[PDB]
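Single chain ahead, written as C-alpha cells, the form deposited in one PDB entry.
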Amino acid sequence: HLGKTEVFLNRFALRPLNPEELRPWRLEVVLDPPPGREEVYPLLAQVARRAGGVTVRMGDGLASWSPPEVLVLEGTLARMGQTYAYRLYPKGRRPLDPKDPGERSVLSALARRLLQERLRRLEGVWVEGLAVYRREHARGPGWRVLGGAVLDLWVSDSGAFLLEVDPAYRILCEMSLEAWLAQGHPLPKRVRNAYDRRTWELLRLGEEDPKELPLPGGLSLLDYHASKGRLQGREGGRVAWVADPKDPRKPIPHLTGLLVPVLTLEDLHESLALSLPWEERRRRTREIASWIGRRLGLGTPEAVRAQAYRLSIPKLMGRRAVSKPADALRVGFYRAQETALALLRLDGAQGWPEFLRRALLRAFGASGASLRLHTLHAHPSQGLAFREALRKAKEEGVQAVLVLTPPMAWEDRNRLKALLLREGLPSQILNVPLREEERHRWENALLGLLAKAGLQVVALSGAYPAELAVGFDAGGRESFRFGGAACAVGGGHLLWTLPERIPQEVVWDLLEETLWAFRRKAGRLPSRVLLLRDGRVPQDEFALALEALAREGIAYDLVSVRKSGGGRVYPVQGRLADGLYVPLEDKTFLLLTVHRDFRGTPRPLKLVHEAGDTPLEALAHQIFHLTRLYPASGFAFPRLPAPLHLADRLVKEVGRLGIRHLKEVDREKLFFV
C-alpha cells in the first residue's frame, strides 16, 4: 500500500565532512619488483594498511586523510611468498564529490578506516574490526561473552558521515582446542590458528604421532611448526585433521595445541540470555551513537527516519479462507488426495487415539477425500518382520507413518526415521504422554504428517510476479561446493530437491531439477522464477544458472537474504506491523516479517535485488507472503520465506539422517519438516 508509515533506523546522521576531508591527499605508489595486473589491487590495499593513518586505495594509488608524514612513506611487505619494496610519493591533494558513485566510495572507505583508527586509540576497550567491546557479559571455563556494539560509518551523498549502531555480543574461546576437549566438550565444527587469524573446518582427531607425520617437504608435522617458532609458548598436543573451507574435502594435519575452538551459540549448551527488549536496545543504541560522536568528534547524532510501507496481509486459504495453517483441519484444505496413513504405537497399548482418528476424518470430510487409516504391528525388536511389515504396509498405499512414541533418544530417532525412509515411508513423531486437551501439539503433528504424505494444506491467491519461488541452502557454508539443497514453491506446489566439484554446477543442478519436477506437476515451465539464497554466498555461484534460465526464455529474479545483522527497526509513534517494507537503498530493502519477534527485539530481513527487473515493492510483497506458506507450525509463521525455511530443514535433516539420496520419496512428500 502506497504511503503508510515512517520508522527509525539503526542509523544516525552526523556532522558533515569538513573541506580538508573532501580533498584527501593522493599518494602515488611504487612497487618493486613490478606486480602483475591482478596482483596490484591487493598489494595496494595492504600498503594502505602498512602506511598507517587514515589511508585507503584509490584507483592504482592511495588517498589519505592523515598528513604525509604520519604515514610510513617507505617499507616492505611479503605477500604470498614474494617480498616487495613499496614506496609512497605524496602527489598533492585531490577533491572528491559524494554525488558521484565513484568518488563517494573512496570517501566511505576513508570513513570506515577513520572510525577504527580513532576508535583503536581508546583505553579500556577491545576493537575487533568495525566492532567495539567494553564489558564482560558472561564467562565460563574456557570462554567469555563480551558486550559491545557492531558499528559502521560511511559517507552520505549529502556529504555527511552516517553511523550505524547495533549493540551485540561476542562468544570468545579463551583456551586451546586440546584444553577444551580435555574438558569433555564435543569437537568444535570450526577452529582457528592459535598463531593467527586463519580458520578451518575441524574434521577429526588422530592417534597419529605428531613426530611421524611427514609433510610434502620431508619435514615433520611437529618439526614444521617448531621451525616456525610456534612451539615456543605453546605445547602442541595431538594430531588434529583440519580442512580449508575453500576445499573441505582435502584433509590437512594440524596440532590441537595450536588451534583455538571457534565457539557457536550451540557449543555453550545450558544459562546466558543474549536477547534484548526493543526499547532497551534502542536505548543502548542511542547511548552508543552519542558516545561515538563525542569521543570521535563527529557531531551530535540524529536518529535516521525512513519511509516505510505496510504490505497487504496475506490472503491464505485451504478449501476455505483460513487464518493460520491449523484452521485447515477444521475447515478442510486446498488440495486433497486419496492417502493412506499408518500408525506406529511403539510403546503403549495399541489403537488410534479417539480424537486423532476423529480429527483425521474431520479434515478429509471438510476436504471431501477418501481416507484409509491402517496400523503397523511390528517393532525394532522384530527387525526382519518389522521390515516385512513396512514392505507390506507401504505396498498397500500407505504414504506416511505417524510414530507415537515416548520421548526418544536422539540417536534412535534418526535410526527409526532412516529405516522408515529407506523403504519409502516418511514419519511424524508425537511424544506419547498425550493429552487430548493439548490440541497445539497433535494438530501440528497432524499438520506435518499430512505434509509428509504430500498434501497441500494451504495456498495463496494473488498476482505475484513469480510463478515459482525457489530458495537455496548450502548448509552453514558460504559456497555450494560442499553440499547444497533446495525447495521451491508454486496450483500451489511444494517440492524439494537434493544434490544429484564446481559450485556453479551444483546450483544450476538444483535449479534444473526443480524446473523439471515443476514441469511434471504443473504440465508447464514457469514464466518467471524467484531465486532466494543466503547473502553470504558469492553471487557468481548463480551465473551459470542465470544463463540457462535466459537460454530457455525463463524470466527470473535473484534476491539475496540476510538473516542476521541487517539493521533494526523502531516505530516513531505506535506499534510495528507485520510485512513492514522499508525501501532502503539503491537495490536493497528491509522487510519486517514477524512482529512479535519476542523477548528481545525483532530482526528484519535485509534483501538485495541483484538480478532482474521487478519492482522492489513487487518482490517484497511476494517474499513477505511466501512467509505464511509453511506447512508445519500452524500457529506461528517463519521469519523467512517458506522456500528458504524449507531448504534449511531439508539440509539439516539430510545430515541428521545422513541420507545420501532417496530413490523415491516422491518430492511432494515433505519428509524433512
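Numbering follows the first chain given and starts at 1. Heads up, when I say rigid core I mean the largest set of C-alphas that superpose within 1.5 Å between the two forms. Compared with the form deposited in another entry:
Compared between the two forms on the core, the listed residues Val561, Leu151, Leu549, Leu447 keep their C-alpha shifts below 2 Å, save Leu151. Here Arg533 does not count as shifted, since its C-alpha moves by less than 2 Å between the two forms after the core is aligned.
Relative to the superposed rigid core, the position of the CA of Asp223 differs between the two forms by 2 Å or more. After superposition on the rigid core, the Cα atom of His609 is displaced by less than 2 Å between the two forms.
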Contents of the next structure:
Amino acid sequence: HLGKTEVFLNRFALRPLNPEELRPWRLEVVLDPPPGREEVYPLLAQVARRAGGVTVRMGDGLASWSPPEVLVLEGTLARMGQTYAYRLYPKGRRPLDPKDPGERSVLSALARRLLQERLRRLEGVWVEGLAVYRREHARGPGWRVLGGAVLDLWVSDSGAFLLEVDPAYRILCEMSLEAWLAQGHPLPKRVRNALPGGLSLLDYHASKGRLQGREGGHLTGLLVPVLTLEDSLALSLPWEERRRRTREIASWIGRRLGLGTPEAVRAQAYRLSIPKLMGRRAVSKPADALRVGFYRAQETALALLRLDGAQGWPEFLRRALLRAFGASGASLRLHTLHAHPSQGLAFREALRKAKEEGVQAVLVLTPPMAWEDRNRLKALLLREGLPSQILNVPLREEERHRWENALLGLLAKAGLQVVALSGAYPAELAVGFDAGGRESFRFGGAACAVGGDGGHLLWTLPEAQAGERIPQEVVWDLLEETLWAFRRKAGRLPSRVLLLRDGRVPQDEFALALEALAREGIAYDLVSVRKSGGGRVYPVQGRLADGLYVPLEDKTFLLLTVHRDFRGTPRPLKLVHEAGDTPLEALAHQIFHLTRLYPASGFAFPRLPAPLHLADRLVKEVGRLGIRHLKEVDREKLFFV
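Since the one above is the form deposited in one PDB entry, can you give the form deposited in another entry too?
Nothing else is written out below except the one chain.
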C-alpha cells in the first residue's frame, strides 16, 4: 500500500532432511483388545509416545525416524481405565513428499518429536515440553525466575528443518508450602502438589506413603505453591533485545542438537495506509472527540448515580461533557439519580422513571466495588434498559486518562458514535463472531460495525451453546440481525460483508450463512483471526513499524496492528482468508483500519479489529452477568465495554 519492505520471522531454517529422514519407517500397530472407535487414534498416538524414540502416528499406523530396534516394540499401556497390550511390526520404509502437505503434516510431527526427544538429553537446562530455560537472571525470597525460549521444529515444502524460537520465562517456587509459608510470604491462591470414610487425616496421609521424606504440615508440607502474579521485574522484552536472544538461542540449539546453522528467514512486508480517524473532524485518538466533537451525536440524556453519598456532577465532568456536546453540535441533558441500591425495589422504580424520561446511560461514582456487587448493580440497571459506566470515587481532576476513558465509555454506552473511519473499504458491514463466558457451556455472540465509515457499532443477543463451535443457524441468525440493522440505517442491503471469526473456524460453521448471503446477492469474505501462533516479526533493518501486512503462504498472512515500544514486543495476528474473492491486501487494509474504531479506549488502540474486540467483551459480560437482563437493552448501546 505504502512501502514494501522486508522482515524476519522468529523461524529459522536448519539442515535439510538426510536420507534416513525422507523415508520414515512404517510400523503396523496391534492392540489387545482392539480399541473403541472414539478412543483409537489418541490411544495409537499414546503407543507412539510409549515406544520411545522419535515416532508419530501416521494415519492408521506409525511413522518412525528411530530404527525399529531401538524402540519398545511390545509393551503395556494404561488409558483412563483400560489395559492394552501393544505390539509393533516394522513394515519397511514409506517415502514422504514435503510438497504433499498431507504428508508434510507427518514429517513436521516427526520433526517436533525430534526436537522434544533431543531436548530431553540436554544437561542440565530446564525442559518443559518444547520450552527450554537455560539461564537465571532473577531470584527472590523463596522463588526464582528462569529464562529461555519456547520452540518448535517442523518441515518446509522444500524439505528442510524450520525452527521457531521465542524468548520466555519460568516462575519456580523453590520451597515447600510448609517451608515457604515459614519464610514470611502471603497465601498463594493456587498450589500444585509435587475423615468421611475411616482413614483419618494423618493416618490416610502417612499410610499413603505421601510422608516419605518431607516435613509435617489438606496439608502444607505435602504441596507446593505455584507462584504467579502473587509473590516488579518486567518480563516483557523490547523487540530489539528479544530479537537478539532469539538469534542467540536459535544458534545455540541448532549447534548443541546437531541441527546445523540457522538462517533467520526473511519475508516480504508491506506498510499499510494510515487510517483516517474522525470525530466531528480529524482526530488522532478517540479521546480527542471530547474536544473536537463526536462523529454523530443526537440529543442525549445521561444520569449520575453517586454511591459514595455526595452531591451532583463534579464540575470537570460536567464541563468536559459540555465541551464535547457543544463541539458535536448536539444538546446535552444531565440528571442526578436520588436513589440507592439499599432502597430495594424503590431503586428499580427510580431507574424505571429515569429510563422513561429518556435517560440513555448512567455514570456510577463509587468506591471500588466487589465483583459480586458490581455485577448485581450492572445487571439491575440493565434490566431497566440502562447501561452503566463505573468510575471509582477517589478521583482528582488531574487523573485525566481515567475519567476521560470513563466518559468515552459512557458515551459509547449511551449509543453515540464517537469516532469513524473515512476511506474506501471493500466491505460496508463488518461483523465479528466469538464464543466465551465458558463453564459447563458457552455463549456464541456477534458484534458489528455498519456502514463503510464503521460509524455504527452494535451487538446482537448471544446464544447459549455446548462448546466453542457456534451452530450454523445461530451464525446465520446473528448475521441476519446485523444485516437487518444495516438496512435499518441505510435503507438497503450491504454490497459486501466482512465476516471475522475469533480463532480457527470449525468445519462448515459458516456454510449456511454463506449460502444465504450468496442467495441474497451479498458478497462476503470470511476471515479467521488467530491471536497467537503468528510468532514474532522483526525488521530486517531499521525501526519496527505499526500496520504491517506480511503475506505468508496463499490465503494466510500476518498483521501487525498495534505497537508501542514501552509495552514490549508486538505479537502479530495470524489471519486466514477462509472464503471470499477479495484480495488479501485489501482485507489486511480494512481489518487494520477497523482496529482504530474502538471508542471506549481513548489513548490506545486494541490489537483486534473493533467488531472482534466488542464480541469478546460482549460474550464475556453476558457469560458473567447472565443473558436474562438484555431484553430491554438497545443494540446501539455498547453496555459491555
